[PDB]
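Below you will find one chain, with nothing else, as structure tokens; this is the form deposited in one PDB entry, and questions on how it binds or moves follow later.
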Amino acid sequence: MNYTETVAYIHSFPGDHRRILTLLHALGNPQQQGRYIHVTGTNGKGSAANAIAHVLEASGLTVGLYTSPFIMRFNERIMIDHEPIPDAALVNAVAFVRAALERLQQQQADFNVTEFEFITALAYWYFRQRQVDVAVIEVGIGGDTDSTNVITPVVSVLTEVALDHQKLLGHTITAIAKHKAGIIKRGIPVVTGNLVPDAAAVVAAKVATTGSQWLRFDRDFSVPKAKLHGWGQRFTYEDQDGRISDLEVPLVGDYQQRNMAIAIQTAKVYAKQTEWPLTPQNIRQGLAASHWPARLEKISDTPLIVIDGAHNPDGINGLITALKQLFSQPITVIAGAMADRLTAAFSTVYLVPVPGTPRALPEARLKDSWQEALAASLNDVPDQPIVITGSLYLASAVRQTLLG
């Protein structure tokens, strides 16, 4: 197949890990080789994972990064030193995994794997083929039964536990926490955010049984100082070894302080566990040189356009709150019911549908598309800033169009 057929192939796919393990076994069990950092959490995993990678890359390691979802194009989900797998490399890898799959389907007639299982198996194989020093692995959903959970990492990360995936993980924080805690492994250290009580209890009980060292935000490490500074933040990190002062990261949003602190502590743990050098300078450089697409990103200066994947209140309110701090003057917001918090916060607020979703009737200011809303604002008030937010899918659609 060619590249386009290959991607189509991947997306044509339909409780334990037997299916993926069978595929991995046919691929030579690449998941058993090399090193990994396993990251989960209801919110913040992509952010923490991305930062951990930048930091370790700056220290001189070749780093695999597996994240979801993609923003510009599929290839972004499998990176090595932040370079997406090349189109031709994807074709070859898909061909290789497909051949193993088909061979397997000869032995066991109705053998199949899910889409995430196929991609995950391919990513593990690819990371090993390229012999990366370490692969930073973002859990798809939950932890314990997530398709990525067939590895023993050097360190595990649990950013936070919230109700976002109730329909699959459970009805209570405790239930969801048990899923996330499933990536904590025997003797392997775990770095977490300052988890709410119910989640913290689940983790405390888990590390008691695994004997894992548990480093927790606001207990073992923290961010004593932090302020907005340009389209980013200047902050101080502190842990058992002291402070790394005035670090800078091109990321706005209060919650990103916790995610960056988690990233820093995790990189330090990884480096210590592997007897690898990691300096405050490596950390500073990784954080500075890092970048975050579609998450409160100012994709343009004149006109001033910002795209955001703010999905939940924490993000949108962190947005509204950041917007307020970032902008003291009138702006336009194109959002595709955190809506009420926007219309009361900003002058011009347009509501549009999310590009790849069914338009639904309003339950007892509205435009038919982001392009129409963008065009209108630019025509009416060319110099008024425009912030696009609401969904990652909309953000991604806009970025693809405007930065393509």
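Residue numbers count along the first chain shown, from 1. Only the largest set of C-alpha atoms that superpose within 1.5 Å between the two forms is called the rigid core. What changes on going to the form deposited in another entry:
With the core superposed, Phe346 shows a C-alpha displacement of at least 2 Å between the two forms. A movement of the C-alpha atom of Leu304 reaching 2 angstroms or beyond is seen between the two forms when the two forms are aligned on their rigid core. Think of the chain as two rigid blocks: between the two forms, the small block swings through 14° with respect to the big one.
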Given for the second form:
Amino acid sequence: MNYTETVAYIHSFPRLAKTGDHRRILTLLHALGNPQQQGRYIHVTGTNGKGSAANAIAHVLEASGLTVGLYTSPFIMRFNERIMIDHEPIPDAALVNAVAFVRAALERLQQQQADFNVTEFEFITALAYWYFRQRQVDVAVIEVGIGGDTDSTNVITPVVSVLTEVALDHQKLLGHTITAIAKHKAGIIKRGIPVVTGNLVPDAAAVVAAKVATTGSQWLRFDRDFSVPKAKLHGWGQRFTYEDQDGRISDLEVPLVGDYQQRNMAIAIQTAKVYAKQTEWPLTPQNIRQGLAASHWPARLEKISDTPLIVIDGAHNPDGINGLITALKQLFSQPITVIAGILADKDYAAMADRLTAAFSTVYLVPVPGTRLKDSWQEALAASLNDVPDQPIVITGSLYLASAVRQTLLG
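To complete the pair, please output the form deposited in another entry; the form deposited in one PDB entry was given just before.
If you are looking for partners or other molecules, they are not here, because only the chain is given.
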């Protein structure tokens, strides 16, 4: 198979039941020589901020001289972005050869167990684990797909775990209460392994304190052990100060806007320091400053057009919507239009009340492959014609942001 066929092959996998015992992926992995049991890992979970945190942790450790695998989702411009090494997406040719190796092993399994199969995410995760070992990365930063305990990625023992935050999202999968969702996320916390977390709402904090008690894990929490005591906009980015039990690193800069990113970044920094410590590896404030400076992350409050002014974002659950509003409020001191593809979660109605309550013009649209408009293209055309003086912010799952970015830029 060539590259195009290979990708199409990856997207052809079935949606199987959700056991949560990882037997399917463990079967494929075993046939791949158990790459998940070799090397080192950093496991990242959380309702919002997983990718931004994972991306920065990788940049900081890369700056310190380590070869780092990064596994994130969803891709924004193209598939290859899901598996990166030192931030270079897996080469087309390399993906073709990788897909062929895994397919061959899969085939051998099916010839021994006639009805055996894996899901698309299971295939990709196994391929990623195998790829990271083939290239012998020093460490792989792994973003959990959904939840924590039952995710296909949860077949590893990391050096450090990360739980950015817990907010309501993915209920028909994780739970209907913060406590329930929290218990699922805490599942990536392992015996004796440190866990770095954001500032968690009380209910979630209790679940985590309870878990660390059982695992005996060292627990570093934003606003307790490490923090961001100062920050300010600096272009389409932020300049801030990080502080933890070792002191302060001043004048740090990240090319990201949104107050919540100060949290994601602080989590990344604390996490990388813990990694370096647990592995007896050198990590300087210079390494950290360099990595943060390189921490570009598409579709995260990204201005992709100046005239007209267009920003895209992936906020689509109430917490993200709340973070989005607060941010937009600090970024614009003029009327703006917001096009939201939140027509998906029940969550929808309340989020829309919050948007229309805070902004001048709000359009609601579906997500590609799912006030009212039939598509984001229609809402944009509407905005540019009825409110030409209003910048446009397009938000919803990253799938909508991605479709918009691909369309307007690639």
